[PDB]
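Undergrad: Chain residues, written in single-letter form:
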Amino acid sequence: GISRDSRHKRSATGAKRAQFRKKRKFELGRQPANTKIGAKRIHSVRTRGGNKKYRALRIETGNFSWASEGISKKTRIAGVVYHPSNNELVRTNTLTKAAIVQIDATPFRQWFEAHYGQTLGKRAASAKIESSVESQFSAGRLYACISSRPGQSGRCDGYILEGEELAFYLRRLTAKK
Amino acid sequence: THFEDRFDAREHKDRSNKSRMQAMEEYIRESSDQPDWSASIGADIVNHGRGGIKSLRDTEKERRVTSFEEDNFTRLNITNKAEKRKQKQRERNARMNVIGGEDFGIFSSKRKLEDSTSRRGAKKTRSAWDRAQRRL
Amino acid sequence: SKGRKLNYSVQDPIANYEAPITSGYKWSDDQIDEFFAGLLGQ
Amino acid sequence: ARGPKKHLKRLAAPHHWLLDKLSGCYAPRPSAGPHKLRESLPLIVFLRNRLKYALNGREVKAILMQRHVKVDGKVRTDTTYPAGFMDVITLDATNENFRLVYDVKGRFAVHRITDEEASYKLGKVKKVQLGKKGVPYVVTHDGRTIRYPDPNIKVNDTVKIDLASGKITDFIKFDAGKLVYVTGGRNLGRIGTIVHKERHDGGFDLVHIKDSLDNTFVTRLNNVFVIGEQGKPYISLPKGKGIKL
Amino acid sequence: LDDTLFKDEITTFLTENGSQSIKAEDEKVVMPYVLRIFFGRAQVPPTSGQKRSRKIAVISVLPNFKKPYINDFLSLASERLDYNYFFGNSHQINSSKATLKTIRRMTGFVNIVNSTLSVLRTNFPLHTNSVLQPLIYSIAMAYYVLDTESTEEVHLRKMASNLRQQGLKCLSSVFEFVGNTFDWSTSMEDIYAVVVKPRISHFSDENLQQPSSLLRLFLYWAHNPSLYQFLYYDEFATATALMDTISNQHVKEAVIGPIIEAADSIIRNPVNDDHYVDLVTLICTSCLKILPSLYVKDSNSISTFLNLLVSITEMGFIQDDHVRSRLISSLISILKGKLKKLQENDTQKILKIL
Amino acid sequence: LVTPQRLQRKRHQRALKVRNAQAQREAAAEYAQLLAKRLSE
Amino acid sequence: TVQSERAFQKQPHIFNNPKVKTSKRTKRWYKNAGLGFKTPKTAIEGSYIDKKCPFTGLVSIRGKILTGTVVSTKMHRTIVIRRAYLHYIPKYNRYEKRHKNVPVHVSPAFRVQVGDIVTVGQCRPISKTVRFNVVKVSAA
RNA sequence: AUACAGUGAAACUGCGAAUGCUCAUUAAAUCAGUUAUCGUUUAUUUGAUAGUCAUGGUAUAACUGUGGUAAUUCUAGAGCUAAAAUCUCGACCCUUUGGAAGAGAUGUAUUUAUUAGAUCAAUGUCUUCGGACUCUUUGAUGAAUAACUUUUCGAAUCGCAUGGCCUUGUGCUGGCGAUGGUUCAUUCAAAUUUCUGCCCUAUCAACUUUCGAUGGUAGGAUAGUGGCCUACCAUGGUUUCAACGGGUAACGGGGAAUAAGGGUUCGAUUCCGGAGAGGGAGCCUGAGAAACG
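Residue numbers (the entry's author numbering), protein chains in the order written: chain DI, 2 to 123, 146 to 200; chain JE, 222 to 357; chain JK, 459 to 500; chain DE, 2 to 246; chain UT, 892 to 1188, 1191 to 1247; chain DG, 178 to 218; chain DL, 6 to 145.
Source of the hints: derived by calculation from the structure; they are not laboratory data. Yeah, the Cβ is synthetic: ideal placement off N, Cα and C, and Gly gets one too. Check the hints yourself; a few may be wrong.
Covered stretches of chain DL, as calculated for chain DE (at least 3 residues, CB under 8 angstroms) [stated by the list, open to error]:
hint, region
1, 9 to 23
2, 31 to 43
With a straight-line cut-off of 25 angstroms between C-alpha atoms, the simulated BS3-like cross-links for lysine-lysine are [to be verified]:
hint, chain 1, residue 1, chain 2, residue 2
3, DE, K155, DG, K214
4, DL, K26, DI, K151
5, UT, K1060, UT, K1180
6, DE, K37, DE, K161
7, DL, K26, DE, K127
8, DI, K24, DE, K6
9, DI, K53, DI, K24
Build out the structure end to end from the sequences listed, making use of the hints.
TA: Written out as structure tokens, the structure reads:
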């Protein structure tokens, strides 16, 4: 089976030691959920004790926040455009923690214009929001960072990027483009 | 730093019966001269004389198991392995050491008395001023 | 490395796991060689 | 093995019961309960071995659920309820109480206790913490979790609790110059005033204690229980004052 | 219609400009059905956590369709409701039906209108016959029960009081929210009658400890230049109660601050209309009873009222010897008080006042 | 079938809930006066 | 360059609002060890991002506190210290010298070269072969 | 007893059933000791702990009966049981027990973002002795929002009060004992983990990257850290203080174990360590199994 023992790595001396015991139950590693994007199908796992751990294998909708003014809504994801671990992962669009996604702009701009009254792009000081932010408002496609383990929580939480974060990720995309 | 601070069960336990050294116990009985609480003759002899009288140790052990009954109010039983072993050993030593109720394996043994005395033994005198203080 | 570097070495469990196979060509290889030359390159 | 253990030999019994070695082959395992097992006393030992009120296990079960023994106010129905250190066992049919306290030889000792002194029990305050709804709860050594305590209660304290209602009454904060009761370590059973403390973060907080032969000695802070000041105990201690001759 | 598929299925197709939208004429046709089912899901009470999340989801879904659509929804709300007796008459209602069922319906309605304003704050519309009549309708019979019923009906009295509170709160919030999207001047008369009817009698000693919705309504009224219409419609009885509250010392700073803020909005904002001499008379009385304030009656409030007095002094439309004696006594009180938490330029504005 | 035993049981348990809820409220109150006293001290 | 790795190397659960302007760009969290040790100003102003840093990372130092002498400093962010201590051989009753070549993660806020009495403290397991983390420096 | 209450087979359901013999030999491995768990899990124990329909639907087993097949402990189809109080001020008295008009508020569980873990009394200084100061001390105070989700919930369950009131309805009301449930603590455990210790041999000087060897960063995975695993990388670590390697008869050793109440060192107990339960491979519950009936 799939274990997470140390009973196979080399010693710090640099030699191979003896086999100790048959591999147990508690030292187990379960099967990795390559969570794709789609019709949300959740699967429950009974872990040690009576603990329930959820693995959603697909999803459309995640919970996203701005701390720019502190709002958070459930929205529909659109796509996977960056992730620091694996280019193949980014390619086949299997979302993970710390993933960079394109997300819809529609309910957020609806709230913004229903809360301020000012059309995006095209409370005055708070209405002067960031220029790249309102450009992505005009584009209708925002950049978010999924910052939650999906294959543990069975949830998908993200926050839309801000200045230096958005700056480095834009630089990453423009260097990789 | 680092240490343990645990209950010294073995040190709070006793070893006096381990270090008892019977010949000089007999002497210190003679010197400290309290009368002895010895028994009468029928209380002594064992089994229509098939065995010896008894040893003085065996008098003590019987008195103590009778005390277990005295307070604890329960007896022993016919448990196989342990009492067969102990009964055999004690009877073999009865037929090989005790003659007429006193024992001589105490001399045929090899436990010395200097390992008890040891020129004051524990917390011994090893300095000249310690000699001066003990002499005064 | 882990597996990136091409450790060219014989494998015992797949030594004769599918060794050998009879040459099931449905061709005689000769006109097909002329034909592969006379493919879209010509 | 596959889990916990349920049988245990006579020889492996903890010392502070002071048993024989061949009453049986297996010892009464303590039930899991309000005291740790390595420091607790089961009632069958208390009522079979020590006070000789009962002499066989079925008999002591018969009395226990004739429902006479009351522990810590409440009544028990366990053959192996884990009574612990500085605790209260009363009995109505003899009209008596017993505060259980450690001796100098590292063994338990009953104390014959009258009704009003048995009305209260002290507790080593382990820790207080802010629970839900922002309320405070205080936890002693013996699983005692009490809402709304004194704010002056800190960790490592001692609180006297009346038992007729399970409610805190009095408190003493450990400071320098207190009447300690040593409970663990090397030097269990030597009761006197403390000297002081050495602090060791990432480590231990040693306590120097000077007992009535004016002898100091060092013990772990975790082994500390607090009684009071010098010359005034809150417990009717027995004769001996924690002195071994 | 399914509950376990409700929210997810809404986000599946009912979300606009996404996957599986509904065509224009068809969606126009199937308005009423969506309206009825969402009214049912709102009428479901939020007695559990799931019902809470359901109600939150319902109100979050609603405002994304279109202005006439949500107007139709509000129209169905008014149609469950009514205003016919009160608005065929001036203010009387012949059928004395103020039953617990009626007020329960009223409270459900004010709950849903609170919900829709809170979700579509700076965007939702205001139809005339849709909001104005039921609001003052419900408030009118709320005060009717408050007046005509003793304490024997604790049930009626409690939920009539909460009905009154919610109606006043949502009236204040809709005033804050729409502002000037529409010509207000249709029912100024009837709404001002029902504002000056119940509470301006005892408005002094009713709310001093806490700010309230009518108080912040008067804040918005005196701050907004178009609601100088409201002020001139009054013979400043509400401003007289405001004088009473600011003279009383048992009033909170959260009340005091906005009052003089709107008073200086009156002061600095000019208007070429009648009763502005009454406005500046009120300003003179406000200076008269701001004399014992600000040192025996917060740093931000001190700085704010300092700036307001800076405005007052810098145009200086009051130049009487009495108001000047008030000004010099206020100056000696201010400069006697502790200003160590103030800054150099603000001190320089006080210096310019001097 | 509904019985007076069931109804008295229901009344009894609801009574227990309201009384110990009230007791919790009293405990909160009495700790509040205690804490007020020991802050005033 | 500080952010030269694949992902945005930042200290998590730390928010900076670009709306209200500030003096230093990111309000950097750092807590105290306690335990007799003092926080360093080099860490307080330290712009490095080390989640294994005992002061700025989210790691706890609770337990053994030892010290050692460094030999090699040729990794990234971690070193190996060698400690030759006395060992007792009772069947000869003779003393001997024995060195533990034990590693430890270091913070960049402390600059350590060969010939350093470094005082370290243990933590929860940091990597495969390390459970220590430096807190105190005395170079020579 | 015209609902039953005694008793009780068949069965539902709760919990236990995780405390069996045979075969293989490891020198920081194991074992003993000592940590840590501001890094985890816990059925059970005890201790606290949740104001947010005079009662809703089901079904079975058994039973009845009819059958099949050489045949199972095989099998068929048919009939069956809304509300609700509480906290915030305060308008008055009436001076006692204060009572209080009218003005505001009211779940947990999941997941994430945000937000949350400088002053004062005098007795002090000064004092003009009245007082100013908290400057200097004696003493005091601190240092939820936004949403997210298969809803978790806030008991449709057993033993006894019989009163009080009049609306005599058998109406209200109520008290003392069991089973469950929310969370936290505690208990029994468990997991890793610090460090301390065990033979002969250089006729063993090399070893590790040839499963990552060493470390970083990120993520998955796990109850939980950690190259445990994958990307992205850096190119390391151990070593004559002999690493490493070899043999060890390692039925070995552990003051592990009671000891030898006087055998010369000897008894008795305990830990061996792992694996197996035709043989490789895979899966399933439970708090705890990689259960091997």
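Undergrad: Of the hints given before, which are not true for this structure?
TA: 1, 5, 7
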